[PDB]
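The chain that follows stands alone, in the form solved without its partner chain, written as structure tokens.
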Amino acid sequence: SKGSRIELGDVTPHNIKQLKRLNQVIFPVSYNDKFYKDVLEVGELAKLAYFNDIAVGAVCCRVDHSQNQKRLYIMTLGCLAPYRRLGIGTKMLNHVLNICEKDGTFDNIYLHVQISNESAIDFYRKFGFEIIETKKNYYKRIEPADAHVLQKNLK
């Protein structure tokens, strides 16, 4: 962490415009105004990521109670293409893993990855996420439509 050029910051009504902008470039699915209203309310579960004080990424999560578990759902975690492989993803994922660890009541953390997202699969598997399912036709508008469900067990 020391000397690091990467820093995470809070999402606020002041920089939320910048979050949406980042998400529009990085992620193939569009998020509605509800998404953005909700992110302003999850506190530490939404962050902007900065490299040399430039906003280049963001992570947005939600608490999920499904399958009789308490789950952390990563809805978006990503950064701008020219800044990849610099540790920014790791900083964002470690931020969320650290919250779950301090809280202690989460059963797992999971997310959906388009089957073509080789680099995302590589990234999450490095941290102990596993493909636990491939959902056919998960995505409505993009090709390919299928998504892997990646999950890391915490319990």
Second form
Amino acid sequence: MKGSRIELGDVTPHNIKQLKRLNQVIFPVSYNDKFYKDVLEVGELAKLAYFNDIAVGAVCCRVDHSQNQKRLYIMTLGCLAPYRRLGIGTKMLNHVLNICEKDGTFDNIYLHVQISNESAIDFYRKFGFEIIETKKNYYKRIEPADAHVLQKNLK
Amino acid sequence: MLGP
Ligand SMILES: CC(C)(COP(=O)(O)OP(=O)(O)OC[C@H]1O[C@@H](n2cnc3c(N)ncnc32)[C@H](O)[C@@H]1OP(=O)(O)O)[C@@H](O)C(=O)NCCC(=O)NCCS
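Please supply the coordinates for the form solved in complex with its partner chain, as a counterpart to the form solved without its partner chain shown previously.
Once more the chain from above appears, this time first in line as the rest of the complex follows.
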């Protein structure tokens, strides 16, 4: 908690441009003017991550009522390669776990991953997420097209 | 990573 070089910040119209710029380098799929418009309204659920006051990461979430459940869906969460394995991703995930924990009303949290994403599985599994489904050809135009669905229970 |  103390002496850490990593801080999260609110996303705002003033810095959204840079969120967009980070999601483009980190993630293989491109997001539309709707995704970003939407994040400006989700509050604590969209955060930029800084390492020594430099924006190197970001996470974007959404609330989901699917399957007759109250669900936290993680849409993006990542950080530029050179800054990985410094605990930045942990900062972003925990932040989100905390929101859920205080709110008390979530059944579970979840997200999709290209099955080739070995590091994201090591990462999310550390936190207690399990692979609960494997959808075939989930993504449209990237390779590979298959995706695991990851999920941690809260209730 | 959604999409979509
Ligand atoms: C997944 C990702 C967000 C990890 O973030 P990060 O800031 O590098 O993760 P952290 O430094 O907090 O790592 C936390 C722990 O996860 C595990 N982990 C993460 N990456 C790992 C890897 N490549 N190999 C083995 N374990 C790994 C480790 O146990 C790690 O702890 P350690 O560093 O003390 O060993 C990052 O690799 C990334 O940006 N990936 C591309 C984005 C993506 O596909 N995200 C999926 C969510 S949509």
